[PDB]
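What follows is one chain in structure tokens, specifically the form solved without the named molecule.
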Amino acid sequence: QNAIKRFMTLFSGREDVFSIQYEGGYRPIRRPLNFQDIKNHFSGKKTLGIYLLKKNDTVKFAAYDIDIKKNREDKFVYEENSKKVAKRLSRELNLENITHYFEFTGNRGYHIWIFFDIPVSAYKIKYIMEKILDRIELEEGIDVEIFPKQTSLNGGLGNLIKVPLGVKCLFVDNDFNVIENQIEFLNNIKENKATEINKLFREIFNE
């Protein structure tokens, strides 16, 4: 109940269209997301994909997608490389006072989630995230993607992202270990202040 409402507030995307995952991709459902959809996401019946770019070109959450490209005897090298790139992104984001959280996307990789108290301009957060990515070194076989990818999509639906807590895709701690009681974690997630994100954008933009 309160976990449902918190999940809605944290992962707030487009208020009119969402999507559901099937074997061939993500099918758009063109109606506002309701709570039974969240219950179907948690139960595992209808896995959700949220279009994070709202209608005014703002986002309330953003993400890094650290993904290992494919399947060897010693693949542990590449899983550890993904963990390394995630750790580097985490260090830079924490050095810039951006509260973020890790989630295991399955053996494909990891998600670094960034939450905001009120929607922030997609251009500013994309700019910040690509600069931070430009600061770090990547490892062999690892691709880093930045959501949102579109910044002024004033005519399309945009890009979507698979939200956690479905079928499991679970949040992990700083040591990349699965957190127990992910619901109280979901309630203990702290979102960044849009004022400080705007100040950080101005600082990085003028410098």
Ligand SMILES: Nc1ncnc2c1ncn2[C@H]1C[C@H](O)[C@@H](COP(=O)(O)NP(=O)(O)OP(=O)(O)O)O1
The other form holds:
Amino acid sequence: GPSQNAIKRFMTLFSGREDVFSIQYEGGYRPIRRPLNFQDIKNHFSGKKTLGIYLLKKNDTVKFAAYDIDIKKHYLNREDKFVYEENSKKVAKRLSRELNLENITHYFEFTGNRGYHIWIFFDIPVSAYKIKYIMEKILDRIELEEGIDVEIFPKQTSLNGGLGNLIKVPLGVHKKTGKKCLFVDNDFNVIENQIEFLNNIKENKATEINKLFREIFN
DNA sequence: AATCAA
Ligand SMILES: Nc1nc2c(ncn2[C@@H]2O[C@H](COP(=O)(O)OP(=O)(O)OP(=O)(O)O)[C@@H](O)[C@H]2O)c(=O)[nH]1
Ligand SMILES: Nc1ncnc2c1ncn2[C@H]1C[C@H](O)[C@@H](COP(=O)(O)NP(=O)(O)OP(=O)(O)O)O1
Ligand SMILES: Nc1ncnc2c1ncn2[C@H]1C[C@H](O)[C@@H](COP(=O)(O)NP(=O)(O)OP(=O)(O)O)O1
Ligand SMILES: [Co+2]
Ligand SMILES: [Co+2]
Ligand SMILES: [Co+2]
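If the one shown is the form solved without the named molecule, what is the structure of the form solved in complex with the named molecule?
Time for the whole complex; same chain goes first.
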């Protein structure tokens, strides 16, 4: 059925480090040094465990990347948090328009707390520095707003013997809030059938990202 | 019970 298919698709889409992943706990993240398996993602989908995925594989390539749009410390102010939520959506729209201009299929996720991830998937892994370079150049073309931060994952071009950086992956529970981390549409509305949306996510052509990298400069 | 990174 669609739901077990989505388990195998999740594995193929959020494939990062071959033999290490992470789990979100209250107060941080903990590396689990073993390959991810089916049960780990059933724990993810059920709310039992929440998974993060190290982007960089051992040869310093990634099969996916993501923008991380954050509403920074609102704290008190005048409960104007709405303006900053509005600002987070404007910034994501701006990033997303540039991605479609460059013909890069991408997907929005509500993160369960203060923002949105923009996910880009590839059919074959590409060099971490290439897509990082692309995503910095696109960030540089757009206006930003007060209270908003934009982070680019991968955060490093190369492991240097380490693990690199991880990102919490969708369809699970943000421990900080109890909310589901869910895909939304082009106007930030929650998809009703999260499973079917996942089963229809399209991968970009690695052969077209590589050409774009060179064209973006040379 | 809690790491690793920029
Ligand atoms: N690897 C790693 N990344 C972290 C850690 N803490 C924060 N980050 C990441 O670094 C980003 C910026 O760090 P901070 O500005 O200190 O965290 P923040 O919670 O966004 O800060 P404010 O919202 O401004 O209070 C966060 O949004 C995370 O992506 C950590 O302990 N390890
Ligand atoms: N202590 C840690 N150790 C390792 N990785 C960590 C980490 N804290 C965060 N990360 C990693 C995991 C995170 O997924 C990623 C982004 O950090 P956020 O922006 O702070 N958290 P998210 O975007 O997922 O949801 P929201 O912002 O709405 O609260 O950095
Ligand atoms: N004076 C106004 N007139 C019309 N809509 C208005 C408005 N003030 C606010 N709105 C609101 C009501 C509308 O729901 C909303 C539309 O704003 P986006 O979704 O950000 N722009 P688009 O529709 O083109 O989306 P996309 O690019 O993906 O195709 O703005
Ligand atoms: Co962040
Ligand atoms: Co975030
Ligand atoms: Co619209």
